[PDB]
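What follows is one chain in structure tokens, specifically the form solved without the partner chain.
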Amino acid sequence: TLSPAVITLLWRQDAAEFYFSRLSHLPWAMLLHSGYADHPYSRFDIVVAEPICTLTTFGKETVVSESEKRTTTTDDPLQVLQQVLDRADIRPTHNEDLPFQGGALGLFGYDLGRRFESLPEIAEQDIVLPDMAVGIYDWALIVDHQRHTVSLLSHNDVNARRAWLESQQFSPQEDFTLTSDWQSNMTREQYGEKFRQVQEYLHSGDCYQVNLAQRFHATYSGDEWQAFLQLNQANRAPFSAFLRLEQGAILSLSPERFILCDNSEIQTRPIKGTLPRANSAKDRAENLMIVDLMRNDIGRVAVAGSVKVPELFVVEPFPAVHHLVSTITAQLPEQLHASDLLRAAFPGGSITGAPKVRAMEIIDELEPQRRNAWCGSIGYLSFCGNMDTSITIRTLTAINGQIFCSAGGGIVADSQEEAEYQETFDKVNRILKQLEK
């Protein structure tokens, strides 16, 4: 397939924020931003909007929507997504300077997991935001920080789209304000109780690590884009994203890559262990259990002896905390898609806690609400076959007047109740605080 047409645009370090600001209020407008980060994997920023097809999954049903046709289906949501992908009959050859050339882009929420495993339904469902919300885009705006170039690509009419881009305006305000203090869904004693429940479950053998999180919430008013813009500057997280959905918006400040699939080369970098702003025997041990997880997760689809562990226990300094990351690599077989892979490993072992299903069972049992978008993934499935995805840690959900932000902490035998309590706070204190002003 006839590669897309490309127009290079004027260069500017902030082009991503610059062009996106006139799209930010549009439903299905999405920005993947590398957080202006100093990082090996912070080369690109990508913008899309105006999809030619969208997919929305709520539970058991997926709605596939185009121009002139709307269908519903109970089939597997990633199978369905891949079928939509193949019928667009668009398949450009792979290009290291354009990792997305149109294709699927969006949100894969934590509860989407429910379509891949049978799970209990204890946690309350109190957020109405889809389990899968992704657009099919025949164009993209790509900002390359390595090469310094801004490329506008279209499989359609790339003059038409520059034209359309041009004309979009950056929209009269409305100031973001938090209208309540942050409030947790747990007291210290309720956290306390479920931390011990976790440990009795670890002591009685079901699991060996379980990620337990608390959720903070508040009322707010105003537009979320400016707030994103000040959170992004302060977090400089390499896998950040701003998603304007039909239901509300997602402000991700994630520094964590889930799965990269680049020209069939697989990379996943789970984050596990932190201290506030790396010999830490308990953490560089909590991480290894997650590394083994991933090993197993990607190796269910990977090329036979392709899984390697090129990197263990590296610390990366971030605004809020010091974190520990490991890296696992592998090769996708030429007969499968990045989407089969996503499906085999979703949701991320680093935010569930091995073994994954039993770990997800406890989470549903102890967390008072479903996680919805938090700890699910955001990313793209390009028409060229590449894939990149994050773990939506450090991520808020802004919907119907309310904004949410969760915080988790991995629990193992060696974990201590008050210190783990504090870690959940450590991870998001700069984010709750900045929003308060």
The other form holds:
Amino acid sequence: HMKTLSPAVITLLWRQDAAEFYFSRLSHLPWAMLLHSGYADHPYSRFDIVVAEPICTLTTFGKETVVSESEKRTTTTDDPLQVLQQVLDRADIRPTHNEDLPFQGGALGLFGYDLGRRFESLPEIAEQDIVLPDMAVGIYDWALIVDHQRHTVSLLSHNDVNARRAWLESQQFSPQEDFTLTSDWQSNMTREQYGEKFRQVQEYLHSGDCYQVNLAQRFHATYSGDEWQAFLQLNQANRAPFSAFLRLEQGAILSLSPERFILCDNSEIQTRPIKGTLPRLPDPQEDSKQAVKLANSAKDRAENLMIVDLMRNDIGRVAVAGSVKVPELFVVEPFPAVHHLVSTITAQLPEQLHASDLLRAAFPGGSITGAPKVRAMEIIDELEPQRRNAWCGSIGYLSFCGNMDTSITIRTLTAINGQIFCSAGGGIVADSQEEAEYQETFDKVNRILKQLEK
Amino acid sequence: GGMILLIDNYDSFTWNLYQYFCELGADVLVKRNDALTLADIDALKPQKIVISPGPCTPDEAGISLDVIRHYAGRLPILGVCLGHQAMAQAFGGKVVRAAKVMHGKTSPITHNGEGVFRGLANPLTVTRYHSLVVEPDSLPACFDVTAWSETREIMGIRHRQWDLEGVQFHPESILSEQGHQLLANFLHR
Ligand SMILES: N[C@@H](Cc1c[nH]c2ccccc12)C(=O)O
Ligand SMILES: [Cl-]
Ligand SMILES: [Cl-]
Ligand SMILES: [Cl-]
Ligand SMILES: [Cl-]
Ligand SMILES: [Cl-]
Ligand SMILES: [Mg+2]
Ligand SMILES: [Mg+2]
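Give me the form solved in complex with the partner chain now, not the form solved without the partner chain.
All chains and molecules follow, beginning with the one already shown.
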């Protein structure tokens, strides 16, 4: 009854847009999910993944996880990642690793920032004004994998891959009225309010026992029409290698994230915190100056090193004894809006752990909270007027083979009940300047906010 | 055995110290400063003790001061940041505000090539996460200052008779120069 054998695989026509082509006809279904590498030219832009029609769903709201299978619903207050691992284990699908098919079915979806409240005792100052799950994960016994390295489109299934192929080709992409913003963007904070929150952070930093805090503002507007049309345009313009579109029961998540959180590939762990940003400049030779300036900036190196030390600690607690390395420090990665400073930490997952345990031990990311992490999260709850919900959580997959990949949901929009939300923050340290840090939030999402204005 | 006991004082970076010691091939037991008694240490028979950094004072660091009092001269002890200040306090030293608060900043330190600095380059760039230093004027006679900042703050101390040493910086920060060899000096010494 335990299924150890590889899934059945059919190869389809190679086309670069294969994921967007097939997902268009699925984009309206709850639990249809796309992981898209943004067509990015990038060391970690290789795969697009498409799933839909899960065999099981997990929805966490606060203390309660609902597990739904075709005709059985269970509610539990257990650790949501323990519940996820139990649901994966009970599917009895246990394939070997395959470097060309890193997801062989398993869990895929959203780990909201507020899921972090299940792993750490935090106060409840910030307002819960978005009703979207802390965890929304499907269990899929099939996937469509677009491999931009081998130029292969693979359909795998542990059931009946021919029927799944027939099911996919039988779905048709309906017209669908175009996306339009129906208001202007408004922040949840004035300049003055940002100022007050920034000063209160630096007051906590000067008193020690906080080193860094990620402070964010949130833009809100009303919208009408198909979220998928918005995604196609944002995806084209953002070219972000950890992009995703999740159709949930409660709304839509449009992720244009350039940030990998944690990869677990055949038990090799990798995390790539982004800490350090400068806007891109129109003149190409001035822009090369910006790139070298970010790489050589003492303020952003210090901000980054602190997050590298924090991520080494969180991974190191659960990594194989002696396996933690930092093969790359302070590399500059260009994206359409911004240059980012990226560091890379590697480790080995012990045989006794699951990728799900690694995610619990590190979630949410050091790079979007601060150091010490629990104190940073307390400050963020105190000063940010609303909970982050899906923003600065993670999207990704936990394969039946044991592999995992996750993003940080920076540059991510939440579309719910004709409202769209887009947040932007930055690390605040002792040496940060009020005005520059405020301006940095706009530099991060201005191209996103402006592209949606029509 | 060769077991190293790392007393965890609830630092953000204590598992970096654990991982550096595992990289050097040590057998390390980690215990929180309030999950351990002196009687327990006696039964475990560590070859050496490391007292980790942490966001509290030496008085608030659970058994940390008691371990220095009971095991000084009996087992080698290394104090890191809070552990270094606890070491100073236990012998009559005083801890005071540093010139500038330092949170993930690198500074060059000059050493005398003694204790954990045996065989290491001079100067050495190290990562600092601290707002307090050991007051130079009130440093017990039993300690040599093994390392100074550019502004003449204590960055390291060694007991003159016993294998008992403090560093004010994080040797296990990825930008702390020769962090591995410094801790190897303590391990293999
Ligand atoms: N870029 C990843 C796949 C991916 C795209 N978007 C994602 C979002 C989350 C996790 C993974 C992804 C890869 O090439 O393997
Ligand atoms: Cl809980
Ligand atoms: Cl608002
Ligand atoms: Cl940043
Ligand atoms: Cl951001
Ligand atoms: Cl001297
Ligand atoms: Mg910055
Ligand atoms: Mg198991």
